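Here we start with a single chain on its own, the form deposited in one PDB entry, put down as structure tokens.
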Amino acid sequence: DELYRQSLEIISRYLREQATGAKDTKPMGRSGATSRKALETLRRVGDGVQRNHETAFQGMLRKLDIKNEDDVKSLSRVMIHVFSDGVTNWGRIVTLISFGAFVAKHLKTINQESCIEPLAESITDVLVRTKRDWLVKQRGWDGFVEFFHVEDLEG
């Protein structure tokens, strides 16, 4: 399952990078060039979403009351409720992943770093396993990179 593997790698790296503040130096697996550009895109676009919606992000986190492994496990049900049961577009996918990074940073601050990788698997599961058809039709991560591509300015 190339799409799942690639999705997991991108999502995991972003969540880990966000939580630790350090870049992972290990090579990407398959389709490395696209995965690199996807991660760079998430860095640009996800960071903005977290700031543009700072108050709501803090509010949702407080509402979820995330303390440990059991609470982190319960998030899949909530992701299905909120994300899967709605329209699909790249903006909503970025918000899914960006709030994931927001949760990962919370896990770091409460010294629950070990829950970050399971969280990343949970997000990947919801995204790929409920929206595969849409993702394929939109050209997957290549489509993601193309969608958010910014032209160089003249002059």
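Positions refer to the first chain, counted from 1. We call the rigid core whatever largest set of C-alpha positions still superposes within 1.5 Å between the two forms. Compared with the form deposited in another entry:
- Among the residues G91, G86, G59, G48, the single one whose Cα moves by at least 2 Å between these two forms, once the core is superposed, is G86.
- Remark: with the core as the superposition reference, the CA shift of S114 between these two forms reaches 2 Å or more.
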The other form holds:
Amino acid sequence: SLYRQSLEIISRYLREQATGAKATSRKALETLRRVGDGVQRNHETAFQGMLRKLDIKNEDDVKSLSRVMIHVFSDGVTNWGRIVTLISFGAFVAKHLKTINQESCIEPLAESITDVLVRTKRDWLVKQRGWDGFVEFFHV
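Shown: the form deposited in one PDB entry; wanted: the form deposited in another entry:
Just the single chain follows, nothing else.
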């Protein structure tokens, strides 16, 4: 249920970001576009350097990234800044892959990201009232 909703949002964001195209999960995506695009624009150069270091070879070479996304939270801190920074890098990575192969898909990547968030941060996510909290946290 919470996995399903996260995967929807994350996948859709990543999917737009790569293809350039297109209740509460609906606002979570608006928020994601607004904020995520910000961090990608703001840190395009750092993401690029990191992306080159990922040696990510194909739509399924997501294990290096998953290792990375895990060590982020490896200090005991979770916040939406980190979470949203992870998804933005996911989008930034999703866009590169199409440069490399217009065919390749974002599913493995969306699932990679969701796995780490939902399955290792479940309790934290829950404590925050879920994507409702994320939406509230970034309200304008």
